[PDB]
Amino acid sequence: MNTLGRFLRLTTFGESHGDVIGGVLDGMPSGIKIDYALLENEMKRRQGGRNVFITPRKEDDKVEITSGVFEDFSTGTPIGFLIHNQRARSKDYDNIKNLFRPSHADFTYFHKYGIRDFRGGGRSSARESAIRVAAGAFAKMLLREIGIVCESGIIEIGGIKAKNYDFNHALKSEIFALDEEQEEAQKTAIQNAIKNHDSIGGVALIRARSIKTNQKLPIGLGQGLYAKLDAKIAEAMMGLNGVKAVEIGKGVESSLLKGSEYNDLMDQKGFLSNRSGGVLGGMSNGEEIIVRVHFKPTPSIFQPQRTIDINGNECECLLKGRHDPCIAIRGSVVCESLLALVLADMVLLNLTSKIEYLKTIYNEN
């Protein structure tokens, strides 16, 4: 299944080893101003966005919109887009690429499809993230039209947890750290990983909120029993390579509380304590949507790992070269994009809820 979403549907060209990757976003309402600045910046953030960098022009990826846009506005038809990349021949980063690399999908792909494909280029992921982030930017454009914003950051790296949260600080942080007081410790954990040719796990925090201060998000986003808002958020997040757990609000701490301790209350607007994480009974309750995504440490490490080959014979896996020491960092940005895509889809699906909605659109126009 290469499509994400129900009304707002993102479909991808899938995994490939070519110089061009593509995707198409179907379901965008017409009349949405295309924010090229946003699209470009999203693509920049996807690349870790550290301290020093060169003009992305002659550097990396560029998003080419092939359809769905006219004079800088969405037309309402499918928005197709391509992303070109790859330059300069590499080395190897792997000897006989005929074995199953630990924690990689090589093993499952081989058995499900039987074809000995697999090649370099950051393998499975990486490419897809580009498509997801590009698509996420359009979803963000849609959400802004109704005052909704999505943000994220890193709350934990190698077990070093953030105590306070500053999303603005995460933005200009080399590791998107939300706690400047824990940032250095987190960075040191990363440096040690690179030093020992290893990798560490991390936890990303994603949030959705109304742009207006103390203004609540729409109440009721989520569709029926099998398309609940938290269920779809979990689906998108868990579907991200490297993700092994997803929490909503209080999450795993919820199982440790008593009703008297937990149990939220109301008044006339939106709840106070956000233990629900913005989702109650499968639907948005108006509070900020809080999501925690747990990433396992990066699979590829410059160390000798025992494994087997396509024939089944025991062999050694030694992946030379530099590798991402913590995928949670780049993963946080992708999770942010996915939340935008899910939320935008729900905003559109919700338009069908009350007959008054139909009357206002059809009988008053």
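Positions refer to the first chain, counted from 1. For clarity, a rigid core is taken as the largest C-alpha set superposing within 1.5 Å between two forms. Compared with the form deposited in another entry:
- Residue shifts between these two forms, rigid core superposed: of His111, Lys163, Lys195, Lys269, the only C-alpha displaced by 2 Å or more belongs to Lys269.
- With the core held fixed, the Cα of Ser90 is displaced between these two forms by 2 Å or more.
Follow the form deposited in one PDB entry with the form deposited in another entry, if you could.
One chain, no partners, no other molecules: that is all that follows.
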């Protein structure tokens, strides 16, 4: 299935090893101004921007809109776009293209489809995330029209956790650290991973809130029993390569609390606490949507690993060259895009909820 979404539908050209990757976002309402700066900044962010960097212009990925946009405004038709990659030599990073790399999709792709076809160069994840972030930028444009914004950051790296969350600081951090007091320890874990030709896991925090200070998000986003908001968020995050767990609000700690401790009480303005993480009964309850995504350590490590080849014979996997020491970093941005796409889809699907919405638009608008 190469399509994400029910009405705001993102479809991808899928896994490829060519110089061009494409995608199409359909369901965008018309009249939304296309924020090229936002789109461009999102693509830059995806490259885990750290210490020092030059104009992402010619330096990296450029998004080419081929349709659905007329004079900087969405037309209401599909927005097709192409992303062009490298084209000037390379380095290394590989091994034996006939063995299964541990913790990689090699084995399962081989058995499901049979046809080998395996090459490095961001293999799959990388490319697809570019499609997701680009699409998410459009979803963010839609969300902004009704005052919603999505943000993210890293709260954990190798078990070293953040105590306080500062999203503004994360944006400027080399590792999107949400807690400046735990950042250095976190950076150190990353350096030790690199030093030891190893990788390390991490945890990303994703949030959706109102731009207008503390004003509630729409209440009721989420559809029926089988397209609930938290369900679609989990589907989207867990679907990200490297993700082994997803939490909404209090998450795993929820199961350790008693009813009197968890239940979120309410007063006239809203809920008094947010253990629900913004989703109650499968629908947004107005409070901030809080999501935690757990990433396993990067699969590729420059270390000998026992595995087997396509013939079933034992061999050594030794992936030379540098590798991302912690995929959770770039991952946070992708999770942020995914939350934006899911949320925008829900904003659109909710329009059919009450008869008054139809009367307003048809008998008057």
